[PDB]
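Before anything else, here's the structure in question.
One protein chain is absent from this view; the other protein chains keep their places.
Order as written gives the chain letters A, B and C; numbering starts at 1 within each chain.
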């Protein structure tokens, strides 16, 4: 009933893989993150500094999953890591938006 | 038998934050918190696949911890606003390959 | 001889701000505003020099938006951007 983190990754990989262009390179992917993080940063100041929030959040989560798959990293396993610690043209852009 | 669900990850975080009297951060504080960990993630990739000098240290789990931190903070910002990441995910996967 | 100094760019801005008379933004609100323009700049860079074209803007302007907000924060916190600079340039050159 509730998606396994590993599946959200799979889903996002199905999508990107359909363009037969692979994922954005790490540095490009970073720009993507800063980008969406800037749009999310706008809405948060909009609503708390004077279903948009949900979408501006998903947008970052998307990029974050992309970057994860792009480096063959399990977002789940990465989450466990962090938790453990606390307890102790060349542009194929036709591919995303 | 079974792996971790996105809902459980959000819940896990909330049970963790819930044992602190302070609780969650405000949206604007949480935001600065997020761009902080992003910068570290950025610093790392610039070293591993970027143009800063290649580390001496052999391949580790640095990239995962640096990504796990952004994911953490993002989850924190999501719980604090009663937002379901699983559901937010379906959004993009809808407006995209509609 | 008439090139705009740094000390007066902050000055020209402080003057523009003292019009609205509602003060500069709070450091955290200001920070949010900064990352907003930065990712806006990121959007262009990824378009003109990256691998992701933009939808729906001069490169020069996007940098200016960031320089503006950067200055605003610097001013609100009574900071000399010029001094800040030389401090930085000193770390790079001093102590070998």
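Note that in this section contacts are C-beta pairs under 8 Å (C-beta built on N, C-alpha and C of every residue); 3 or more make two chains touch, one makes a residue touch a chain.
Taking the complete complex into account, B:45 is the one of B:9, B:13 or B:45 that touches the chain left out. Although one chain is hidden here, its contacts on chain B can still be listed: residues 29, 32-33, 35-40, 42-43, 45-46, 50-52.
Looking at chain C, the residues touching the absent chain are 3-7, 9, 12-13, 16, 26-28, 30-31, 34-35, 38, 41-42, 45-46, 48-50, 58-61, 63-68, 70, 73-74, 77, 79-85, 87-89, 91-93. Touching the omitted chain from chain A are residues 27-28, 30-31, 34.
Convention: only the chains that are shown with their structure count from here on.
Separation between the centroids of chain A and chain B, computed from CA atoms only, is 9 Å. We define each chain's centre as the mean of its Cα atoms; on that basis chain B and chain C are separated by 27 Å. The set of chain B residues touching two or more other chains comprises 28, 31, 35.
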